[PDB]
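Pasting in a structure now, in structure tokens, and then I'll have a few things to ask.
All protein chains but one are shown in place.
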Amino acid sequence: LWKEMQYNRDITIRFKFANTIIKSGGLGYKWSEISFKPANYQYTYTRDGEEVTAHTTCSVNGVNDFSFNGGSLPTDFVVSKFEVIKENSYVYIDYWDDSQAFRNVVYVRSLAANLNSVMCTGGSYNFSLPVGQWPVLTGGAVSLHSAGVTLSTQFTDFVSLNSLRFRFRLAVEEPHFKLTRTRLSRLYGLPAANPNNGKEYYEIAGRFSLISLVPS
Amino acid sequence: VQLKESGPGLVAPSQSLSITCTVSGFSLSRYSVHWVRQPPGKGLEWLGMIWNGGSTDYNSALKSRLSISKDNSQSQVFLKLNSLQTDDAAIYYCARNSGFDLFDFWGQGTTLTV
Amino acid sequence: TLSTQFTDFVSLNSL
Amino acid sequence: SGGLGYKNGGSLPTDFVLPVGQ
Partner (left out) sequence: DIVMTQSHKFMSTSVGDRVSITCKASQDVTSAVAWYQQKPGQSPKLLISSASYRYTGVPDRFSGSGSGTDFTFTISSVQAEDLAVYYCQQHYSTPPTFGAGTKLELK
């Protein structure tokens, strides 16, 4: 004895990035990896005069990885791998909430959502050489445009665990990024050196629409 | 891409109202349509919105009067508003949603005299 | 693990 | 008869009252 029900409610998504930098063993002129890493965030906002607490996990896929070769001497500046996101790539945002509307996202008929767009811009990162002038990687920007939503549940032995996923499409914007003291020719994208530019969070606001099968 | 309004133009108080917004150049199963109005000497006000699938969001003050529905085969969206008074005299528009609430393309607009 | 992707009122399932 | 080629199973666009399905 079941029934279908509709929920039209607002949503705010607050998230941020993370990274991982490592160096290679030796005299100290060569870097090994400048890559991305997932990040978590916890916050509290109000809809309809009621406080809700939510959580967010941000990851990435489809990543373009670059390189630079300064020479073969022991004192040459070599970056073995740094990676950007540009125009053929996706960024993934998980989301779950404290409301009574997420108690009914078990058996879902349909789900759609209208969201704003946000721009993520880059910062700066000094490559610290022990002798000589330091190079620096600076710039970059992309914009995030929405895509579909995915619900996935996982059947282990103990208890079911499910998660909800927002997908986003990218489009490159200005300014370009550059590395100094080298020959990299002013490319586009958002690298993983200083991705969230000293800010506390990014923010996307919108509204969704959920139809689900509930007991009666 | 166009939007075209049509209505009576003149009506007695405490009566009904029926306006059809005929769309062209896009489909009503991929985009969503707004309704707004502007009284004489007033700013623009928001009335309603129908989603891609048939589902509506309404204004809180005018919730117990109006209803929005659409036809997908013959591409049109119609509006109804009953128990009208001398305050409801305005010019009604129909617009298309682009992002969250950005009003991208606009209609020609018909006026209502009471 | 069962996932479902919602594109235009049609479920796109995978196992 | 009608748009999208599905059409009482409900009142949605994609329900039988077929392009995708069995």
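Order as written gives the chain letters A, B, C and D; numbering starts at 1 within each chain.
As a working rule, a contact is a pair of C-beta atoms (placed from the backbone, for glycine too) under 8 Å apart; a residue touches a chain by one contact, two chains touch by 3 or more.
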item	value
Per the touch definition above, residue among B:29, B:59, B:76 or B:111 touching the missing chain	B:59
Sole contact to the chain not displayed, among A:116, A:152 or A:182	A:116
Positions on chain B where the hidden chain makes contact	43-46, 57, 59-60, 93, 99-104, 106-109
Residue ranges of chain A at the interface with the undisplayed chain	10, 116-117, 203, 205, 207
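Just so it is clear, only the chains that are shown with their structure count from here on.
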item	value
Centre-of-Cα separation between chain D and chain B, whole angstrom	27
Interchain centroid distance [CA atoms averaged], chain B/chain C, Å	34
Overlap residues in chain D, where contacts from two or more other chains coincide	12-13
Multi-partner residues of chain B (at least 2 other chains)	29, 53
Footprint of chain A on chain C - complex, ascending	1-7, 9
Complex contacts: residues of chain A adjacent to chain C	108, 110-112, 148-155
Chain C residues within the chain D interface of the complex	8-10
